[PDB]
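Go ahead and model the full structure; you've got the sequences and the hints to work with.
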Amino acid sequence: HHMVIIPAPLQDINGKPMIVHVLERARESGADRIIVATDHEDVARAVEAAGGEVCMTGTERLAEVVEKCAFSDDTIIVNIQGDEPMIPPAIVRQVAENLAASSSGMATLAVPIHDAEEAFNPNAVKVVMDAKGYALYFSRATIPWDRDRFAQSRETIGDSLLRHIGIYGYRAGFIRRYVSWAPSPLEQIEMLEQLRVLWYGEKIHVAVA
Amino acid sequence: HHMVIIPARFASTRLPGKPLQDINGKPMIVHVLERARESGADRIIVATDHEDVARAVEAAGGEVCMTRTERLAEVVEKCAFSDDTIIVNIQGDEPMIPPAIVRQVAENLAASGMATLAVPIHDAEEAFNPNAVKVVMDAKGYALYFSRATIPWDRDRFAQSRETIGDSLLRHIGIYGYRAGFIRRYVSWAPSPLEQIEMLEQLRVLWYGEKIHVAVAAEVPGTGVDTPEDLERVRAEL
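Here the protein sequences line up with chains A and G, keeping their order. Using the numbering used here, the first residue of the first sequence is number 8, and each one after it goes up by one. Using the numbering used here, the first residue of the second sequence is number 1102, and each one after it goes up by one.
Quick caveat, the hints were computed from the structure, so don't treat them as lab data. Wrong hints could be hidden among the right ones.
As the list claims (entries may be wrong) - No farther apart than 30 Å at their CA atoms in a straight line, the calculated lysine-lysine pairs in the DSSO-like style are these: (1) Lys1312/G x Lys210/A; (2) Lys1241/G x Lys1312/G; (3) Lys75/A x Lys23/A; (4) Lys139/A x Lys1241/G; (5) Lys210/A x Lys75/A; (6) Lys1241/G x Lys210/A; (7) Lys139/A x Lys1312/G.
Right, here's the structure in full:
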């Protein structure tokens, strides 16, 4: 009972593009509507010929889709990146269900980290959550910091490290509020736009994959 | 319109018996009591399990509570307050704590339920020192997170070098504000795996969903006296 939007993308994996792969996974998730948001004709000519719906509209594209297709501000929206074609549809359904069952707002996904290099890789985003699973913070720094383990060791990690995956959930009308809100300074230092949501007081629920 | 409790930290390996040591004709805890007086508090209670500290504070006129946020709990039990009284935690080894920031934590608590202070970090070594605790907060000053990692992470600057620092790093300073029912709630909560990982007990409050307000200190306070060098320094400065 949700809609999935893919902001895209061109690669050959067994005679099929990559965006159509993402489209098939979104189909298998069981979404009522699937829309591919793009401003390029290359993505269109592929998805349209693949039977996928396209909307012609920097993550604000989905916001336009909320009003280009005139979606109710209670509908559940799932943003899958166009460059994750091997994503299982089970976690795509998860993100929607976790948003619907939480206090609503915005939702995202995390996986456990088990490689120390990953834990100390700034390109790998870590997230810390409260007891209810709501995101306390996103960061490129190694959080939560393990004082005893990391006191002098950069090769041993515990079980408290989570990597944030760029699949998101929304309640439609709040995507308009994302674009409406001014760019925070925190999202510019960390280069993580989702921190804006935490800057402005709204909370994010996190699903463990 | 607030009350101040001073944990007189007798226990210390480098200066055993900290609150009793003479600073220019007055013991340290008496000086901390005078700072609390300059803050503008309606009641000042020194919490201590030592009789010499009690007889030193009582000879100066401060209220004394015998105990044993563990210790502080018994104070809010022994003088059981209303859960509206703003409460300021001042360390007993800080005889030069600016009373302005002591008033400030209560003022910023007045507008939540738990409040604390931070000071800007200006040197790279402190920003990457896990012993220095960094705090990141939201639009209205409420702490998003406390950590021993360098947060917020400055991706573009730190990608080149960890040698220079921007303007976004704040060190949390262990002066806390409470609404006096907040403490009764805290003392009941079980330890939270997050504070065990980070060795940061304030992460209990954020783990159980309750908020913390953080204020940039109007004046940067002085480190609490823990060694004879700081004793002589405060003697020369007071």
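field: Hint consistency between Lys139/A and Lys1241/G [alpha-carbon to alpha-carbon, up to 30 Å]
entry: Satisfied, since the Cα-Cα distance of roughly 22 Å is no more than 30 Å.
| Is the Cα-Cα distance between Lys1241/G and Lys210/A 30 Å or less? | holds (14 Å)
_Would the hint linking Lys1241/G and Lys1312/G be met if the CA-CA limit is 30 Å?_
holds (11 Å)
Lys139/A and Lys1312/G were given as a pair; does the straight-line alpha-carbon distance stay at or below 30 Å? holds (14 Å)
query: Taken at face value, is the distance from the CA of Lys75/A to the CA of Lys210/A at most 30 Å?
result: It holds: about 26 Å lies between the C-alpha atoms, which stays within 30 Å.
Item checked: 30 Å Cα cutoff - pair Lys1312/G, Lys210/A -> The hint holds at about 12 Å.
For the pair supplied as a hint, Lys75/A and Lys23/A, confirm whether the alpha-carbon distance does not exceed 30 Å.
holds (29 Å)
Checked against the numbered hints listed earlier, the structure breaks none of them; every hint is satisfied.
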